[PDB]
Amino acid sequence: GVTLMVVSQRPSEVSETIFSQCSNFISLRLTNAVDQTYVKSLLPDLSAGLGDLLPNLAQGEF
Amino acid sequence: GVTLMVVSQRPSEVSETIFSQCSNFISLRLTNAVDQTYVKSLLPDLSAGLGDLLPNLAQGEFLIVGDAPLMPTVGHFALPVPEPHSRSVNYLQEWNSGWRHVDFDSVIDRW
Amino acid sequence: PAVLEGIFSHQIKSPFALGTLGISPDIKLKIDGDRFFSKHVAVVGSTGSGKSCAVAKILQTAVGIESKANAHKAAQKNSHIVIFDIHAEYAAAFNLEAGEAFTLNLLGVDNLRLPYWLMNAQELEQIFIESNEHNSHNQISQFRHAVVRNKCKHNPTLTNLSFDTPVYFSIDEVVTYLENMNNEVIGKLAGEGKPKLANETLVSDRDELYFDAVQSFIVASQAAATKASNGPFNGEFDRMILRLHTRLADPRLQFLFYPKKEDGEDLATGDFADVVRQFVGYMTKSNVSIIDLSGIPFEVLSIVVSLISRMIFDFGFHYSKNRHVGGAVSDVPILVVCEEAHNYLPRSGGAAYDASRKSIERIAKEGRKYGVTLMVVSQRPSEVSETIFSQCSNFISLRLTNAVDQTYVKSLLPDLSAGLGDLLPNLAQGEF
Amino acid sequence: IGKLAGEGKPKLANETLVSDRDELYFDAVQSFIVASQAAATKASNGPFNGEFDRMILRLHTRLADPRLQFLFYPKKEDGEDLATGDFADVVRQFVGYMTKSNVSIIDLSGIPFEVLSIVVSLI
Amino acid sequence: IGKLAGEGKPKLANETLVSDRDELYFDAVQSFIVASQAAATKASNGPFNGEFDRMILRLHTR
Ligand SMILES: Nc1ncnc2c1ncn2[C@@H]1O[C@H](COP(=O)(O)OP(=O)(O)OP(=O)(O)O)[C@@H](O)[C@H]1O
Ligand SMILES: [Mg+2]
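Taken in sequence, the protein lines are chains H, G, E, D and F.
Reminder that position 3 of the first sequence reads as 3 in this note's numbering, one-by-one numbering, no gaps.
All you need for this note's numbering is the position in the second sequence, starting with 1, plus 1000.
All you need for this note's numbering is the position in the third sequence, starting with 1, plus 2000.
All you need for this note's numbering is the position in the fourth sequence, starting with 1, plus 3000.
All you need for this note's numbering is the position in the fifth sequence, starting with 1, plus 4000.
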C-alpha cells in the first residue's frame, strides 16, 4: 500500500533505474532535443507518428 | 556554471558525442556535401525544407535554430568593431623587393 | 566578354596571373598571391597530364621570367626556393643563357657537404646498426659511451653532452676503441684486475689510450704465473665492426663520411655555417636551390630529407626571432617543393620512412608563422598521409581517371559542387 | 651485487655492501664492483642492469629543451621554483577576481604539437 | 624483512637468514618472524605483501 509520483523538467539528469518502473506516463511541450531522445528511448507505446508532436504542442495541452 | 562555445569548419571529424549535447545551432555558407548530410541528419526541423539554402548564403548571413529563438530563422550580421587581425607575412610583396644580406653568425650565437 | 574582363582582371588586391580561361583564351585569370603563397598548397593529376610543365611556368612567373628573358638582370630580387628533384628535370627550365645572368645553385652527389655529426640518435642507429641480435643492448651502450667520450675529448670547453648533441666527433677512433675492447685481456693476479698489455703494464683509463691506436694484449691464460682472463667484451662485436668497415669503405658516400671542403681539408665545427647558406642561396646569391637525388643510394634518402628540412626550419625560427626582437617579422620568406611524395611520405609504413614525416609534419603546422611554406606534388594522394593534405588551403587539379582518387578527393575539397566532380576525366591536356 | 656469504646485498666499487637504497640513490650516482666469478670476490648484475637506457635518454633529451621551461623549470617573479603553497596563484591567471568580469586568452601557436591535448585537459 | 644491521633480507620464524630464494621457495612455504617494530626485533613487510590473493585463489580454484 504505497506509491510514487515523480516530477521534473530536466529528466536527462534523473536516474533511469527509477523511470524504468513507472507504468503510466504524461507529457507536455518539450523544446530541447536531448530530453526528446532520452524520452523516446523509454516509453512503451510511442509510434513514430506521435514522436513529432512533442515540440508542436500548444499551451495547456498534454 | 560551465558551458562551451565549440567552433569548427569540418564537423564530420568531431566526436558526435559532443554535438549531440548542444541546444542552439548556428550555421553559415556550407558547400561540401558530407557536412550538409551530417547536419541534416542531426536536425528534423532542418529537413530538406531549408538545408537546401546553405550553399547559397551571402557573406554576413547566418541561419539559426534551437529552443532559444522563437522559430528557425535567418539573419544578417553587421561588421564588428574593432576587427581581429593576425599580423602574418606577405610573400608576394617581400619578393618584389631587392635582395637582402644576413649576419649568419649572430643567428648561430642563439644556436 | 567586357563583363568577364571587368571581373577577372580589375577587382583584385594582389594580382598574380595564372593563365587564361577554358572558354575564352582572349581573357586572363588573376588571383591574390598574398594568400596563395602564404599558406600550404597541393597539386595532383595523372600521367601525361602536364604537371611539371605547369609548376615550372608558375615558378618562372614568380621569379620574374618570360621567354627566357630575365627581366630583373640589374637587380636580383628577393625569392628563396628549395626543390627536391629526383628525375633531374627542372635544371633545364632555369638554365638560361649567360647573357641573361640568372645564377643558379645546383648540387646532388659530388658537390655536397652533409656530415654525420649533425644527427640525433635515431638516424645513427638506423645508419650504422641493425636490431637482429640479443646482446644488441650492451653493444649499443658501449657505442654511445665511446661516442660521448670522443665528443667530450674533442670539445672539452662545454658540458651537458649526450648521444644527440651535434658537435664534432671522430669515428675511426671509435672503431679502434671497439677493436681494443674486442681484443682486450685483463690480468687476474693479486692487484692486477686490469688490462694486461704485452709490455706487462696496467692501463688506467681506456678512454685515455684506446682511441689513438691498437694495443697488444697478452694471452688470457689462468696460469697462476700469468693468471689472466679475456676481456668481458672480447669476441662479441665482429658483425658490427665488419658492417662498419664495409660502410665506410663504400665509395658512393664520400659526400657524407669524408666531406672535404674546397681547400681539401676536413670539416670541423667552425664551418657549421657555410654548410647552411648553400641550402638557401646566400653563398652564390641565387634565388633558387635544387637537390638531385637520382644519383644517390636507396637506403638513406629519408635521413637526408629530414636533416635538411630540420636545418631549414631552425634557421627560419631563429632569424624570425632575432627580427621580432625589433618589433617586426621575417623578410626572408621561403618555399619548399616536395615531389613524388608517395615514396618518402607514405600513408602507412614501417620505421624506414619515419623520420622525414616528423621533420615535414612540423613544417605543415608551424611554418606558416615563421616564413616557411610547402608545395606538395603527387598523382596517388590515396597513398599519402592524410595528416598533411588536411592542412593545405588552395588546391589545383588536372585530368583524373581512377576512381579511388576521385572519391578520396571529393571527400575533402570544400567548394566541390556536384556539377564539377564529373568533369575531371573529361579534361584536356593543359587545362586545370 | 655480491655473491658470497653475508653478501646478499648490492656491492659498491669501494668494496662495501648497501643496506637500503631509498636513502642513498636519490643523492647521486654510485660506483659498483665488477661482475666476477672469482669465489674470493664474486659479483653479479641486478635484474634491471641494461634495460633502462632509452627511457633515460628520452628524459635527458626533453629536460634540455628550452621550449618547455614553462613546464619543467617554472619560476616565480622572485626567480624561484614553485612549491606546494602557491596552488592558488596558478588558477588565478585564468579567473582573476570573481567580480569585475574577466577575460582570458591563450595563444598556442608557440607551443609544440606534442603536448597540446595535455595542456587542454589539465586546464 | 628484518630492518636490523646487516640483515637487509627476510628472516625465518626460526631466525635464519635467506641466501637463495630460488633454492627454497619452490620446495614449500616458509614462515618468517613478525614484522615487529621493536628495535630489538625491528622488521617491516616485504615489497609484495598482501597483493597476491585473488591471483592465488583462482589457481587453486581451477
Ligand atoms: N600547355 C600545354 N599544352 C599542350 N600540351 C602540354 C602543355 N603543357 C605540357 N604539355 C605536354 O605534357 C607533357 C609533359 O607531361 P608531364 O611531364 O607534366 O607529365 P607528368 O605529370 O610528369 O606525368 P608523370 O609524373 O606520370 O611522368 C609534354 O610532352 C607536353 O607536350
Ligand atoms: Mg612531371
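To be clear, the hints were calculated from the coordinates, so they are not data collected in a lab.
Please note that the accuracy of each hint is not assured.
[To be verified] Taking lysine-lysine and the DSS-like style, the derived pairs with C-alpha atoms no more than 30 Å apart in a straight line are:
#1 E:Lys2013 - E:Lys2051
#2 F:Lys4003 - D:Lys3075
#3 D:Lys3100 - E:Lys2321
#4 E:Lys2188 - D:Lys3042
#5 D:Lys3009 - F:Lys4003
#6 H:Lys40 - G:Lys1040
#7 F:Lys4003 - F:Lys4042
#8 D:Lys3100 - D:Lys3076
#9 E:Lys2261 - E:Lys2039
#10 D:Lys3075 - E:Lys2369
#11 E:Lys2194 - D:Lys3100
#12 D:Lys3003 - F:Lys4003
#13 E:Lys2030 - E:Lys2051
#14 E:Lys2039 - E:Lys2028
#15 D:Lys3076 - D:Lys3042
Here's how the hints hold up against the structure:
1. E:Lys2013 - E:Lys2051: 27 Å, holds
2. F:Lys4003 - D:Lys3075: Roughly 41 Å between the alpha carbons, so the hint for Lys4003 (chain F) and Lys3075 (chain D) is violated.
3. D:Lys3100 - E:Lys2321: 36 Å, violated
4. E:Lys2188 - D:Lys3042: Satisfied, since the Cα-Cα distance of roughly 13 Å is no more than 30 Å.
5. D:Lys3009 - F:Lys4003: Holds, at about 13 Å.
6. H:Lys40 - G:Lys1040: With Cα atoms ~20 Å apart, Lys40 (chain H) and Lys1040 (chain G) stay inside 30 Å; holds.
7. F:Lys4003 - F:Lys4042: 5 Å, holds
8. D:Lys3100 - D:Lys3076: Distance ~25 Å between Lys3100 (chain D) and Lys3076 (chain D) Cα, so the pair holds.
9. E:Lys2261 - E:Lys2039: Distance ~37 Å between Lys2261 (chain E) and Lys2039 (chain E) Cα, so the pair is violated.
10. D:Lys3075 - E:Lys2369: Given that 30 Å is the threshold and the Cα spacing comes to 28 Å, the pair holds.
11. E:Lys2194 - D:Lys3100: Between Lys2194 (chain E) and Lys3100 (chain D) the Cα gap is close to 75 Å, so the pair fails against 30 Å, i.e. violated.
12. D:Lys3003 - F:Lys4003: The hint holds at about 21 Å.
13. E:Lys2030 - E:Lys2051: Within the cut-off at roughly 19 Å; holds.
14. E:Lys2039 - E:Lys2028: The given pair, whose Cα atoms are some 24 Å apart, holds under the 30 Å limit.
15. D:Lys3076 - D:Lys3042: Status violated; Cα separation ~52 Å.
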